[PDB]
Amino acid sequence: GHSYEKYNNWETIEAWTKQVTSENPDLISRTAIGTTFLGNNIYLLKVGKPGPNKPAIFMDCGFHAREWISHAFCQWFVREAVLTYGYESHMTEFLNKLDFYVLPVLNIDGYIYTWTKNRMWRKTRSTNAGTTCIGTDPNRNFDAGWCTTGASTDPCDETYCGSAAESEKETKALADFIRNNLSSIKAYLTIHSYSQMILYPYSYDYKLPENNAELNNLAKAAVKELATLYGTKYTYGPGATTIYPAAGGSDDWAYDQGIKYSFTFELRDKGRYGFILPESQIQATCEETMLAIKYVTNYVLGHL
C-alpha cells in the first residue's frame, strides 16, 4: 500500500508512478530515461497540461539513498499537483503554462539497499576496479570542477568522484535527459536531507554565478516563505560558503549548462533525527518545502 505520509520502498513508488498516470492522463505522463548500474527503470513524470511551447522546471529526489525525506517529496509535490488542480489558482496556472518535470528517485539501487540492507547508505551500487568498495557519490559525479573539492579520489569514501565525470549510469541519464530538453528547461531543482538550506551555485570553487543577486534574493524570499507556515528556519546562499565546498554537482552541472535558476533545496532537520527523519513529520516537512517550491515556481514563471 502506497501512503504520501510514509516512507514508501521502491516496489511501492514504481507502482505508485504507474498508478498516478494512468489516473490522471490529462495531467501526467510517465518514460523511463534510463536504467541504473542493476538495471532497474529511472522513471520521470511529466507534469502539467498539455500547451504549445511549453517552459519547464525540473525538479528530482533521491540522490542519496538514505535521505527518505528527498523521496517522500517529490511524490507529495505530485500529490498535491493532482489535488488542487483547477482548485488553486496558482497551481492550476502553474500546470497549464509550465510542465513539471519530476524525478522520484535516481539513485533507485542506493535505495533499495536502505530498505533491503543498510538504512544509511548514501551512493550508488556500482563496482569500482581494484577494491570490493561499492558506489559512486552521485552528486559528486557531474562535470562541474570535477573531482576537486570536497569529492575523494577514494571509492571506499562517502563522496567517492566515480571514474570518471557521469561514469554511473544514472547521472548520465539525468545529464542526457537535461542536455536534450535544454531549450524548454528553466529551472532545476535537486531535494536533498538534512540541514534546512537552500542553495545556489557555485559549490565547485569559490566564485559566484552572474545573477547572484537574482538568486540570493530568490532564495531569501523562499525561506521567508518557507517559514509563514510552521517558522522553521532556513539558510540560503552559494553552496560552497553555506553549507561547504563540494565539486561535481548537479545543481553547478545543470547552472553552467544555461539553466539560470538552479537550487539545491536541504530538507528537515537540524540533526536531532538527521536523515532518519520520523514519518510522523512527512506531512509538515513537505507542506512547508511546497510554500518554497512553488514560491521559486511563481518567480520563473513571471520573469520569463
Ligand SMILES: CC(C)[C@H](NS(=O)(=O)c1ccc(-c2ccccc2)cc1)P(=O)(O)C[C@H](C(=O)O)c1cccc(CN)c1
The other form holds:
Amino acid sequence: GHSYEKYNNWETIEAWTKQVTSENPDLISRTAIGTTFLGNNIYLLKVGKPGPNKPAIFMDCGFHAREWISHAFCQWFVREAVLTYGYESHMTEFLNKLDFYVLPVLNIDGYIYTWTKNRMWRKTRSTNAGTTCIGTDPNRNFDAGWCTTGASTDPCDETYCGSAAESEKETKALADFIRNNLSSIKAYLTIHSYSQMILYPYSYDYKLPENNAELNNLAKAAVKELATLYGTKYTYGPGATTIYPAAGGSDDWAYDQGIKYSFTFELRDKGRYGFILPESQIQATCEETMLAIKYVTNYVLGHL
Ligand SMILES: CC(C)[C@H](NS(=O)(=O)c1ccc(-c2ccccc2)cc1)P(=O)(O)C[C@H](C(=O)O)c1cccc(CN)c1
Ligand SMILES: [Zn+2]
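For comparison with the form solved without this ligand, kindly provide the form solved in complex with this ligand.
So here's everything in the complex, that chain up top.
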C-alpha cells in the first residue's frame, strides 16, 4: 500500500494518482500527457480549485531515476494541498487563484529500473541505435544550448544528451505540454537530489538571466525560509557556477520560453547518504521543502 513516508514503487504511485484524484475531485484532476518509451503513463495532476483561465505553476519530480526523495516530494506536496485547503490561509489563496501542474514522475521507466534491477540508474530506458547501451539523460535532452557543454554524445555515458533535443518521448511530452500552456504558466520548478541547493539559469553558459538580481533575492529568501523549520542549510545561485555547466536542462529551457521564474531544487542531503536517503528523513525533507515552494508561490502570485 501507499505511504507518504516511504518510497513507493511505480505501481503504487500510479494507484495513488487515481485514488487521490477520485477522493478529491474538487481539488485534483488527473490527465496523461504521454507515454514513456516502455509504455508507462505519464500522469499530470492539476491541483487547485477549478475555475476559468487561471495562471499556473509547473512542478515536476523524478527526472532522474535514482533520486527517490524527488518522487517522494511531489506526492507529499499534493497531500499538503488537499488536506490544508480551506484551513491554511496561504494554501487556500494559492489554490483559489492558481493551479499547480504537478508531474509526479517524469522518467517512470528509469524509476522502475531502480526498483527492479539497479538502484543507481539515472537515465531513461530507451534503446540506442548501433549499441547495446541504454538510455538518455533527460536533463541534457532539452533545447537549451543542447549538448554544447557538460553533456556526452556517447549513448553509454550517464550524461548522454540523446540523438537530438527532445529525442526522448518523456521530454517531448513535457515540452509539448508546457508549450501548449505557456500563456498560463508563470513559474517552473524541477525537483532533484542531492546537494541542498536552489539553482536558477543559466547552466548551459556562464551568462546571467536578465532578472538575475530578482532570482538571486528570491532564491536567498526561499533558502532562509527552508532553514527556519529544522535548520537545514541550502546554497543557491546560477547553475553553471553553483554546481557545474550542464547544457540541455529543462530549467534553462523553460526560462528561455519566457517563464521568468525557473528553479532547480536539489534536496537532502550533502552526501552522507546521497541518493540513498533513509525513509526516516522523508518527512523532514518534504516539510522544509514545502516552505520554500510556498514562499516562491506567494512571491509569484504577488507578481502577476
Ligand atoms: C547529486 C546531484 C547534484 C546530481 N548530480 S549527479 O550527476 O548525479 C552526481 C552525483 C554524484 C557525484 C559525485 C559524488 C561524490 C564525489 C564525486 C562525484 C557527481 C555528480 P543532478 O541532480 O543530476 C544535477 C543536475 C543534472 O546533472 O542534470 C544539474 C546539474 C547542473 C545544473 C542543473 C540545473 N539545470 C542541474
Ligand atoms: Zn538530478
